[PDB]
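A lone chain, given as structure tokens: the form deposited in one PDB entry.
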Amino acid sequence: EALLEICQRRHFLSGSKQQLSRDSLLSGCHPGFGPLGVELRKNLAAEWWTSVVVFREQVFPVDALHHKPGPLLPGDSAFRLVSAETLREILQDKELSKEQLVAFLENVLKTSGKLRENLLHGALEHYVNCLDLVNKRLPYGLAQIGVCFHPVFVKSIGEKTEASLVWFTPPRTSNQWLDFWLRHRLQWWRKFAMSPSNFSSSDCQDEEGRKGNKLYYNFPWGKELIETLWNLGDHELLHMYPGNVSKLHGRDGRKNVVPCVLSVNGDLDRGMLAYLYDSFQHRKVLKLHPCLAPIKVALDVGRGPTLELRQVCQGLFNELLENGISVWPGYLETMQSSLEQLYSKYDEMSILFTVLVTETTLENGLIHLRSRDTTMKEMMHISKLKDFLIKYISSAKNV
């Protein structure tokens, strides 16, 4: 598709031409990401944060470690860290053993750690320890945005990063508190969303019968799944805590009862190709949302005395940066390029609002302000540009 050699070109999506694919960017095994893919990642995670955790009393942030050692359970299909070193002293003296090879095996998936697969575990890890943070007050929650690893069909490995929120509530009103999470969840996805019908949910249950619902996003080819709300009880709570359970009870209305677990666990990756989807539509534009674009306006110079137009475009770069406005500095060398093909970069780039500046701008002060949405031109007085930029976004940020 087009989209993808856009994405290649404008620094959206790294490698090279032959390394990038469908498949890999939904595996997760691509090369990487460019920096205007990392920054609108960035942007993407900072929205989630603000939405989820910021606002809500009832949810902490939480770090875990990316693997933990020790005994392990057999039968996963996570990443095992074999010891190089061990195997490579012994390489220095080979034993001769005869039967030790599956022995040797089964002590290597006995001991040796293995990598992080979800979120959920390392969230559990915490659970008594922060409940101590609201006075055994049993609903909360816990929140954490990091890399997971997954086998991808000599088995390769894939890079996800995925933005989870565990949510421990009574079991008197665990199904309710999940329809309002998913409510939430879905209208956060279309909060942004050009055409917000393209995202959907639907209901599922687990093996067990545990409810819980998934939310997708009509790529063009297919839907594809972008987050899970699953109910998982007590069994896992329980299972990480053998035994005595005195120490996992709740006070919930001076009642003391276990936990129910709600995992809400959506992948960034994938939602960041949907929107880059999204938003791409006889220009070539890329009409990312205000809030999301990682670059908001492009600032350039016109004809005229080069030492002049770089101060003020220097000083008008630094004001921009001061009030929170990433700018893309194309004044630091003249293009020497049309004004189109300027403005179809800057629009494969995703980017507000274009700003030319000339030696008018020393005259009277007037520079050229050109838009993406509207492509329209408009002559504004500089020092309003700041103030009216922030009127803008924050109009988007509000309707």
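Positions refer to the first chain, counted from 1. Just so we're on the same page, rigid core means the largest C-alpha set that superposes within 1.5 Å between forms. What changes on going to the form deposited in another entry:
Rigid core superposed between the two forms, residues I90, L186, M240, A193 considered: the one with a C-alpha shift of 2 Å or more is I90. Relative to the superposed rigid core, the position of the CA of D373 differs between the two forms by less than 2 Å. With a cut-off of 2 Å and the rigid core superposed, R210 has a Cα displacement that falls short of the cut-off between the two forms. The Cα shift for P220 between the two forms, taken after rigid core superposition, is smaller than 2 angstroms.
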The other form holds:
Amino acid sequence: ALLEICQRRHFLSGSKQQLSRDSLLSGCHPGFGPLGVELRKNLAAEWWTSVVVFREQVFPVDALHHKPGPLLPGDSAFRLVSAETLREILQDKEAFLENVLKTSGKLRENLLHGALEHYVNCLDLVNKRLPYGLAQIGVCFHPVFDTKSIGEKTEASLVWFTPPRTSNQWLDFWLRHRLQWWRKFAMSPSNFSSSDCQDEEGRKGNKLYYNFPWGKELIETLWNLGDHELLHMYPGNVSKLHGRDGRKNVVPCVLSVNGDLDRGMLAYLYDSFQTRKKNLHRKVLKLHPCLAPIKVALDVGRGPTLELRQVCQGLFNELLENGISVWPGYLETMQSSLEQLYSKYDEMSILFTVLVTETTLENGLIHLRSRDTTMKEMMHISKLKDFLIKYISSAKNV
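So that was the form deposited in one PDB entry. Now I'd like the form deposited in another entry, please.
The next block holds one chain only.
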């Protein structure tokens, strides 16, 4: 229940002590810890591998955080202060100021608008083949009515432009594949779920959920847009909107797959944590090897051999060279026994612990401890880089 203390003790969550579920789900957290930032980077990298670079015709795009042009009243219950609530009752001391939302910009609440704006240029980039995609990971701002505040959510959005005849199965394919990405990296994949839903105008769609301990919460929405937004934004002509499906030029139906990576991070952090059955109440965050922020922990042994710090720096640098994040625990001072240090790396979700000791200058053997199994291996210091790369790659495979 109260596992969040660990995310404050080992810095995955924000600095402020009065953290609750509502502030985390709404986006009013003060920030994330460095391990949380690295877990967000791992989640974004896995999303980019599974969605963007592997799948053909998916292209990167950026949306600005602000909308510069004039626009409608917008998504606010309170209609600024010019119309909804004025100071006193209609008093004026005396224009350019207090011009309401006529010339006022808007912070973005979705990445769909930027991708739809860049659709014509990105269709010019491609050879106008109609199966197409635009992907973006970025921070979206939402007003939260705590009674007003800002909630910042890292949203990963894929806008898939699809032919209308096959949109009903393209949405089902992304329903399978996005839910498969959530089924991957999960200790309990049954907590991730999906629900079929309908729009107010009859458009179908799907919503992906995670079963948090308090209740089921939304993490991703797949929505079908039948030319409602694409035709509205470009109403001058439909000739520029026409794309080549096979031989025929037709207007593409839109599919918005928008998930939030901060709540996905919280879902994976809750999924990693699991005080029943055996008496092994070990506080370990069982993150996946490709989502764990720190892969390996490197340390100094009890024996007073000063020269081994050079060996630790060499191993640290060769593991940094080949894309393995290392906790520099060899710099640590007054280490108070190995068991709470091991519990510290278990709470930080570090896959392996490397103990460079006095007996590694001869015979090349360093101690290695796994996160999953609390057992030690006297493995040679050579080919450990290949072993960690093989472990990460073959954990990615299955």
